[PDB]
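Single-letter residue listing:
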Amino acid sequence: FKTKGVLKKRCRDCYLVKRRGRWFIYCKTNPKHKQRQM
Amino acid sequence: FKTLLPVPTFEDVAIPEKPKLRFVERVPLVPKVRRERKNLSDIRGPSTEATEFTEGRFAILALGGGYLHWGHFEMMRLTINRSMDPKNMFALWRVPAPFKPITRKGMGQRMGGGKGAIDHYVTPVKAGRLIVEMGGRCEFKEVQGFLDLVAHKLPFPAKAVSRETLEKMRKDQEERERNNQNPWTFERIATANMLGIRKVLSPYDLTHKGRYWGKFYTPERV
Amino acid sequence: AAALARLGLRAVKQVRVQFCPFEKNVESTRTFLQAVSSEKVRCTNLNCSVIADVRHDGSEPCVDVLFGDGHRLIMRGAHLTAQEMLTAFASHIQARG
Amino acid sequence: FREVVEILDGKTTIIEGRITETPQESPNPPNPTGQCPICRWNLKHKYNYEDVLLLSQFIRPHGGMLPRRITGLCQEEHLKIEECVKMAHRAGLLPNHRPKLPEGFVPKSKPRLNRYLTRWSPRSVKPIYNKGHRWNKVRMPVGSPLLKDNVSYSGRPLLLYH
Amino acid sequence: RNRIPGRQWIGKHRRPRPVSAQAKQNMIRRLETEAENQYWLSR
Amino acid sequence: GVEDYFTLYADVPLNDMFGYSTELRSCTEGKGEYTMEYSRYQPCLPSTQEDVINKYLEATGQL
Amino acid sequence: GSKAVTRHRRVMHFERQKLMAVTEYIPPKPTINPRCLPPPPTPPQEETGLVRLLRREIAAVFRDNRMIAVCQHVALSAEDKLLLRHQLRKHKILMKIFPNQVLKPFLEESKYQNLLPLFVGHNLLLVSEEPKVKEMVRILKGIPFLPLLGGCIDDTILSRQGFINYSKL
Amino acid sequence: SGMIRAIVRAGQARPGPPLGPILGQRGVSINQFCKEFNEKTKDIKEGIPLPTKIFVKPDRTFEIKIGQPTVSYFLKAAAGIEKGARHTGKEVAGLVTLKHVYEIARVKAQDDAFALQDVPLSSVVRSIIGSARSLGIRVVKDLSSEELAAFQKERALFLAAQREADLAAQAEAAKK
Amino acid sequence: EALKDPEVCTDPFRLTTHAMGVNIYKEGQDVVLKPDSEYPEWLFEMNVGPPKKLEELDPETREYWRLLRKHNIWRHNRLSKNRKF
RNA sequence: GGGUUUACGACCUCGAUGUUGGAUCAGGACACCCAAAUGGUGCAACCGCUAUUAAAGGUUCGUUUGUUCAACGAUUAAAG
Ligand SMILES: [Mg+2]
Ligand SMILES: [Mg+2]
Ligand SMILES: [Mg+2]
Ligand SMILES: [Mg+2]
Ligand SMILES: [Mg+2]
Ligand SMILES: [Mg+2]
Ligand SMILES: [Mg+2]
Ligand SMILES: [Mg+2]
Ligand SMILES: [Mg+2]
Ligand SMILES: [Mg+2]
Ligand SMILES: [Mg+2]
Ligand SMILES: [Mg+2]
Ligand SMILES: [Mg+2]
Ligand SMILES: [Zn+2]
Ligand SMILES: [Zn+2]
Numbered sequence: 063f064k065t066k067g068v069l070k071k072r073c074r075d076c077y078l079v080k081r082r083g084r085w086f087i088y089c090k091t092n093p094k095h096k097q098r099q100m
Numbered sequence: 030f031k032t033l034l035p036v037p038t039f040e041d042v043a044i045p046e047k048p049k050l051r052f053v054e055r056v057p058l059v060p061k062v063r064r065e066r067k068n069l070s071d072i073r074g075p076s077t078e079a080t081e082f083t084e085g086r087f088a089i090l091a092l093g094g095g096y097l098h099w100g101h102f103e104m105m106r107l108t109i110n111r112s113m114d115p116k117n118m119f120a121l122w123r124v125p126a127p128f129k130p131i132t133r134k135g136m137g138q139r140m141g142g143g144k145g146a147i148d149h150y151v152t153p154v155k156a157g158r159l160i161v162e163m164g165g166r167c168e169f170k171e172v173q174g175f176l177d178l179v180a181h182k183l184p185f186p187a188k189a190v191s192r193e194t195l196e197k198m199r200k201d202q203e204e205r206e207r208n209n210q211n212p213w214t215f216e217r218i219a220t221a222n223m224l225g226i227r228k229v230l231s232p233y234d235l236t237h238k239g240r241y242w243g244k245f246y247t248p249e250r251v
Numbered sequence: 002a003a004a005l006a007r008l009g010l011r012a013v014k015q016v017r018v019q020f021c022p023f024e025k026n027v028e029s030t031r032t033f034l035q036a037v038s039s040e041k042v043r044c045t046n047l048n049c050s051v052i053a054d055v056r057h058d059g060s061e062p063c064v065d066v067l068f069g070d071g072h073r074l075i076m077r078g079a080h081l082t083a084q085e086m087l088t089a090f091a092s093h094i095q096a097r098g
Numbered sequence: 035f036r037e038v039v040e041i042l043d044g045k046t047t048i049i050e051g052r053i054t055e056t057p058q059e060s061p062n063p064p065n066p067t068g069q070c071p072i073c074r075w076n077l078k079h080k081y082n083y084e085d086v087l088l089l090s091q092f093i094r095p096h097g098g099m100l101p102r103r104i105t106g107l108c109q110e111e112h113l114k115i116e117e118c119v120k121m122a123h124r125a126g127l128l129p130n131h132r133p134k135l136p137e138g139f140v141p142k143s144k145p146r147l148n149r150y151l152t153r154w155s156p157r158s159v160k161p162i163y164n165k166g167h168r169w170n171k172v173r174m175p176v177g178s179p180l181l182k183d184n185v186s187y188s189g190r191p192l193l194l195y196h
Numbered sequence: 009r010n011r012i013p014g015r016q017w018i019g020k021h022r023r024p025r026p027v028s029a030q031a032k033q034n035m036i037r038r039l040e041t042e043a044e045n046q047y048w049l050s051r
Numbered sequence: 680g681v682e683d684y685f686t687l688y689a690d691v692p693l694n695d696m697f698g699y700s701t702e703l704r705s706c707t708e709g710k711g712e713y714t715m716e717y718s719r720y721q722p723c724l725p726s727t728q729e730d731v732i733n734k735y736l737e738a739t740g741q742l
Numbered sequence: 029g030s031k032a033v034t035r036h037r038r039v040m041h042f043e044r045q046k047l048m049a050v051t052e053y054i055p056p057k058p059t060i061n062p063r064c065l066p067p068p069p070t071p072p073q074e075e076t077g078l079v080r081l082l083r084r085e086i087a088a089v090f091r092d093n094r095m096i097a098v099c100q101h102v103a104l105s106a107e108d109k110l111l112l113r114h115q116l117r118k119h120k121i122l123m124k125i126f127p128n129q130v131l132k133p134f135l136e137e138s139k140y141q142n143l144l145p146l147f148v149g150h151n152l153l154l155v156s157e158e159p160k161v162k163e164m165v166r167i168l169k170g171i172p173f174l175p176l177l178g179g180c181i182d183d184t185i186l187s188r189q190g191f192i193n194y195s196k197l
Numbered sequence: 017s018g019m020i021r022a023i024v025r026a027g028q029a030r031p032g033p034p035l036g037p038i039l040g041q042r043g044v045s046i047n048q049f050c051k052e053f054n055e056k057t058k059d060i061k062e063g064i065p066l067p068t069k070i071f072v073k074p075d076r077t078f079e080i081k082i083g084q085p086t087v088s089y090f091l092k093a094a095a096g097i098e099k100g101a102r103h104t105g106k107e108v109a110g111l112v113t114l115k116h117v118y119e120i121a122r123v124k125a126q127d128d129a130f131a132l133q134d135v136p137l138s139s140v141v142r143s144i145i146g147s148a149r150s151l152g153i154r155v156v157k158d159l160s161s162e163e164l165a166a167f168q169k170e171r172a173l174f175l176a177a178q179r180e181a182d183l184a185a186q187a188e189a190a191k192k
Numbered sequence: 054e055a056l057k058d059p060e061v062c063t064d065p066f067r068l069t070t071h072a073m074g075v076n077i078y079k080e081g082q083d084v085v086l087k088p089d090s091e092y093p094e095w096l097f098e099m100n101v102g103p104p105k106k107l108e109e110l111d112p113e114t115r116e117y118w119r120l121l122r123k124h125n126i127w128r129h130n131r132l133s134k135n136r137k138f
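Protein chains in written order, with the authors' numbering: chain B9, 63 to 100; chain BQ, 30 to 251; chain Bp, 2 to 98; chain Bx, 35 to 196; chain Bt, 9 to 51; chain BC, 680 to 742; chain BJ, 29 to 197; chain BK, 17 to 192; chain Bq, 54 to 138.
No lab work stands behind these hints, which were simulated from the structure alone. Virtual Cβ for every residue (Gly too), placed ideally from N, Cα, C.
Straight-line C-alpha distance at most 20 Å; calculated DMTMM-like pairs for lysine to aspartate or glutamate:
(1) 49 (chain BQ) with 177 (chain BQ)
(2) 129 (chain BQ) with 65 (chain BQ)
(3) 61 (chain BK) with 83 (chain Bq)
(4) 41 (chain Bp) with 107 (chain BJ)
(5) 87 (chain Bq) with 158 (chain BK)
(6) 124 (chain BK) with 59 (chain BK)
(7) 80 (chain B9) with 117 (chain Bx)
(8) 118 (chain BJ) with 127 (chain BK)
Below, a sample of chain Bq positions facing chain BQ; criterion: calculated Cβ distance under 8 Å:
(9) 118
(10) 121
(11) 124
(12) 125
(13) 128
(14) 131
Throw the hints in and build the complete structure from the sequences for me.
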């Protein structure tokens with residue numbers, strides 16, 4: 063996971079979900095694309 | 030199913046020679062030997078010159094005031110020259126080379142003793158001024174997408190606009206300032222000297238109409 | 002059709018869709034028929050038999066899926082959505098297959 | 035209303051669709067000229083989290099929201115109704131709109147805290163430990179900001195943050 | 009925890025005290041009075 | 680190559696060819712083998728040139 | 029004693045803040061929200077060259093040839109599609125595909141309104157002069173999941189059984 | 017396994033890459049495939065490339081479908097130029113005629129694509145013209161008595177000077 | 054592993070007389086040129102130069118819409134050059 | 001965004017706010033060294049690198065220098 067202030071997709075498989083009061087860019091193909099809005 | 034819409038074709042747009050950005054000097058060929066004062070009038074207030082398009086179609090409009098130096102010039106030059114198309118796009122500067130000197134002092138020096146030494150040069154830019162103006166046979170979405178990076182990296186807030194976008198935003202501003210509901214406006218109050226508010230206001234507020242405060246420019250204030 | 006392509010439809014024997022083209026509730030039926038007769042479903046398994054029965058006075062569309070687990074899934078889809086039929090068929094063949 | 039009936043008869047599954055009778059709209063609307071349902075029934079800026087009879091017209095039996103393309107509401111009122119449904123569910127209204135789980139209804143838990151006019155989710159907010167001073171105060175939000183245009187018979191604005 | 013640097017209403021970082029509806033209504037009333045005055049002082 | 684065994688010819692500098700026997704078989708699960716021989720010279724890369732110059736300077740003491 | 033232009037937003041005087049709050053912009057809000065208001069009159073659409081060409085092509089098809097069969101366009105591989113193209117060109121019967129948005133209004137305006145429930149999903153119009161349905165039925169029998177929906181043979185709308193009877197005739 | 021596209025010479029089908037590892041990963045033998053290809057193309061002039069499609073079944077069996085030789089090769093042969101032009105449109109590579117284009121269309125129509133597609137020879141002629149203009153070869157209507165050689169001498173001088181300039185630029189880049 | 058060696062044996066004459074690339078089998082039999090008295094008119098009734106333009110085609114045929122669709126594809130491709138995915 | 005070094009101004013004390021290092025005592029903050037739960041790795045395992053949450057408990061013994069620092073010896077789960 064990478065904590066960032068501005069999230070953005072890196073491939074066409076990353077999906078943005080609203081969880082725990084924050085935004086999460088989750089990617090199943092490349093797990094290194096996991097982003098979390100701080 | 031979807032109806033085919035025609036594509037915008039450009040043929041009267043002649044791409045001139047050397048479409049990329051030129052090199053600018055950190056210090057001009059004739060450096061100012063006499064140190065000058067740091068006037069803030071070159072930043073305060075709206076821009077008077079270079080507010081319209083000359084030959085290009087897109088531009089980087091600065092919605093604020095500040096200074097631009099050789100570092101920012103090199104950043105913009107490299108980014109534009111590496112992300113532009115020299116076969117279908119050309120760029121041009123709207124700001125001159127840095128000429129205003131800035132004085133600095135070394136650490137450990139007490140106050141006073143005289144003026145500092147000329148360290149670098151900057152270019153004063155007011156709000157409402159264009160910085161880089163580009164043209165060619167290209168669309169607006171790609172130039173906007175690739176110029177938003179430069180607009181963000183610029184010190185003052187900036188936007189990648191065009192003729193149509195500037196006209197649209199100016200029409201929106203006029204519409205808002207003419208259909209505003211409250212009868213009390215900053216311009217009217219400052220001109221009539223209502224409530225003796227001239228004691229708090231500035232003589233430049235009579236012209237700024239409460240839209241320009243220092244170096245910041247809020248376009249949503251009528 | 003991508004769902005049935007990636008679900009591994011090798012474990013089915015026969016799929017027949019019996020319908021009447023001159024009815025007023027055949028949209029989902031023909032959608033399901035095309036989704037199960039797509040090229041990807043065919044390339045997933047070649048031993049399966051896809052049959053499309055066309056009538057004129059049946060007035061009752063139906064889908065019969067016989068697969069080698071001794072199983073016969075019969076879906077009388079006359080008002081169900083094509084997507085609902087597809088997901089139900091997929092869940093059933095994934096649970097028993 | 036459409037229902038999916040499944041029958042298990044000797045390794046043979048029968049899935050069928052059954053259409054039942056659904057109640058229709060009332061015959062006389064107060065403002066038949068409006069295009070939106072609420073905007074034509076003149077309930078705009080009138081409903082609230084307390085009005086359960088109005089919110090219960092379009093919700094799935096499992097508390098789910100109904101799609102806009104099938105409902106027909108304008109976008110703003112649809113968002114407002116979604117907020118109101120969330121607030122009612124959190125407050126504890128609509129008791130008959132929860133999924134039946136005979137295995138999970140047995141292990142009772144700590145009693146449900148009585149709440150109302152809640153904005154966020156009960157399991158996604160962290161408590162304020164600093165709480166701020168008077169000039170910089172961490173205000174506690176209550177109610178949805180989308181309902182700030184409701185008619186105020188008292189005339190005072192609705193405190194969206196306290 | 010939250011310390012106001014310097015004095016409360018002098019330094020570069022002052023108090024963030026906002027404007028209230030009371031002050032807004034007072035200023036609007038004063039503006040209406042001044043508009044009436046500047047009208048009566050026209051003819 | 681012949682069949683399931685490709686023979687790759689390449690030109691690798693000797694200064695970087697060290698420690699290759701412990702990497703080739705490690706990435707090929709021990710089924711790979713290599714043979715090399717001195718072939719020619721060529722101008723050195725700037726990074727390695729600066730590195731060997733700094734090495735000579737630290738060997739001779741003075742920078 | 030701060031400068032006239034600074035970077036820290038230059039926090040204003042209290043009277044200036046009150047003045048700004050008073051002179052804030054107020055947008056015009058109408059009485060009735062025009063969104064769910066009864067919509068304005070219709071801005072009628074114009075016909076384009078593409079839809080005109082489509083109408084002319086459909087008219088020429090339905091006027092010139094005799095056999096107009098309607099089948100369900102099955103999503104098959106392009107190689108098999110071209111193979112079926114070749115096997116149809118052997119008998120000199122062609123295939124066409126028209127969008128529903130242009131085919132439904134033409135059919136409901138013309139005398140072929142009895143084909144509306146046939147053009148719901150994917151559609152394929154087999155066009156033939158001097159109709160010979162025997163070879164068509166034979167070449168469609170070789171593919172199991174490609175069923176003949178219906179069509180008209182000299183202004184005679186028939187179903188699959190009607191086509192089978194016409195072929196056996 | 018599936019379909020594999022390849023372009024190998026007539027009789028020069030060696031079991032090495034870039035053909036070896038593909039069928040090796042697929043499962044089928046490489047030497048057997050080379051023997052089949054050589055015995056099937058033994059009558060073909062060794063040296064010309066022709067496209068082939070290898071259909072590999074899950075049981076490690078393979079079938080071969082060979083098409084007509086490469087249209088680029090056909091055009092290069094009809095023009096008499098070994099390697100096509102670099103700057104297409106800016107320079108002229110060869111010179112062909114509509115007669116040669118029609119001949120190439122006639123000899124290439126008997127292939128899988130133009131057999132599945134019931135297209136007349138006009139479509140194939142247009143495709144050949146497109147491929148020729150992509151290669152950079154000009155297609156004159158009917159001019160072949162000596163103009164071919166008149167352009168050939170100039171093209172030879174041009175390519176000789178081009179090779180000299182390429183060697184000079186390479187030496188300059190090596191010295192800089 | 055290269056191309057065919059036989060290429061323009063007698064370039065000034067043989068290329069003009071007939072085409073040599075028509076023979077694929079090892080048995081060398083080149084076809085005669087078959088002069089204009091054999092080839093039909095559609096061979097010469099086609100464009101052998103630069104293609105036409107959308108500003109030259111008439112918006113009542115099909116090739117006009119073909120070229121318009123091609124130009125729309127080109128426009129979408131030019132606009133999609135800032136893909137961050 | 002913080003006010004941890006230097007400097008900047010001299011606002012509080014020059015009818016006194018006694019100034020560095022050590023001994024004892026520690027309190028608090030987390031911008032976490034260990035111990036705890038995890039994500040990603042060009043993470044194969046042991047060793048590693050970064051990110052998140054977490055402060056109830058610890059963070060050594062010696063030579064030299066007055067030394068804070070600094071180098072070295074031996075360890076620890078670590079010598080913030
Ligand atoms: Mg910026
Ligand atoms: Mg202060
Ligand atoms: Mg203070
Ligand atoms: Mg002052
Ligand atoms: Mg301090
Ligand atoms: Mg200072
Ligand atoms: Mg004091
Ligand atoms: Mg003192
Ligand atoms: Mg005292
Ligand atoms: Mg302590
Ligand atoms: Mg922390
Ligand atoms: Mg740890
Ligand atoms: Mg501690
Ligand atoms: Zn991703
Ligand atoms: Zn509405």
